[PDB]
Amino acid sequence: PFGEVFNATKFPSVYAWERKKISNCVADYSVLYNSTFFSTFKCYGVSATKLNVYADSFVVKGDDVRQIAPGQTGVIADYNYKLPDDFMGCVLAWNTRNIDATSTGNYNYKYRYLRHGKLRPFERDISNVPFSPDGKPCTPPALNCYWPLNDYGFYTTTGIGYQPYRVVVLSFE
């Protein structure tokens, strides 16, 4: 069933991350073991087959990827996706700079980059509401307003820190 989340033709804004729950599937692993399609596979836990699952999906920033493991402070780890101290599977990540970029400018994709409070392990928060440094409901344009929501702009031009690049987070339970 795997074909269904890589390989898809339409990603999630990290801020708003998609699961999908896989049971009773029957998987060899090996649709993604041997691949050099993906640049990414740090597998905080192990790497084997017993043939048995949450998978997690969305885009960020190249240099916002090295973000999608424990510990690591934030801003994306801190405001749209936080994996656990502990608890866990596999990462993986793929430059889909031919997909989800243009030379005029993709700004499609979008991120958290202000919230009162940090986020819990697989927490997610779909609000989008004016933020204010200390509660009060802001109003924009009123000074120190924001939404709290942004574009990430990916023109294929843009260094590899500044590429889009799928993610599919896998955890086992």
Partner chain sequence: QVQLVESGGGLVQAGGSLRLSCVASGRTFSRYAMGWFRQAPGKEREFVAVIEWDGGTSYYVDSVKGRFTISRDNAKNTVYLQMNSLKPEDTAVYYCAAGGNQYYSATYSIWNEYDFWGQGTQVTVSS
Contents of the next structure:
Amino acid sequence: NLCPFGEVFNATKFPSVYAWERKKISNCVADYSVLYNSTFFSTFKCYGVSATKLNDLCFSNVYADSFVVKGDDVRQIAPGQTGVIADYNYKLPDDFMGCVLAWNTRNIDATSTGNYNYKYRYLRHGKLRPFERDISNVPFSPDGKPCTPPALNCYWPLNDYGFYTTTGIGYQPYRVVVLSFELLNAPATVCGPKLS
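What does the same protein look like in the form deposited with the partner chain bound, given that the last one was the form deposited without the partner chain?
Excluded here are partners and other molecules; the one chain stands alone.
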């Protein structure tokens, strides 16, 4: 039984970063050549693991996180990064083991008029913990005190990406998939094609 990476990388719709989505990949044969033989990836890099050697490895479990970010924000999807994406939307652990893949999706995520369906959080009281997710949409106050706009000093915590088919590449939309490699003291559930 092949691991369902197609369902992940080829999903018709992708979520916003702040509402990032995780699929558990487990108990299956991972044929990573599907990512080798597709040559559209503009980010493809791994931590604790050689990117080209994935078919030779077994993992306890693989987690696939999908979301969309601005081109210039892709770099925040790494261990130890700072910034509003990495501190308020999606944070990888210092000791991350896995891979980050990204590809330019101008032709399906951007528009002449501008696509504003994709959002990120930019106001928050305290940074996210690694792999933590915050999908609330609560008026934000620097007092921390609850507030009801139009009250003063009361702000909305999300903001839109505006994805236009005519901007520079750093502003165009990128679909991101993070693969987390879990290592436990047991048999492995996700192995490569000829490993058992």
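Residue numbers count along the first chain shown, from 1. In this text, the rigid core denotes the largest set of C-alpha atoms whose superposition between the two forms falls within 1.5 Å.
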After superposing on the rigid core, which residue among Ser30, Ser47, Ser39, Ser127 shows a C-alpha displacement of 2 Å or more between the two forms? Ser47
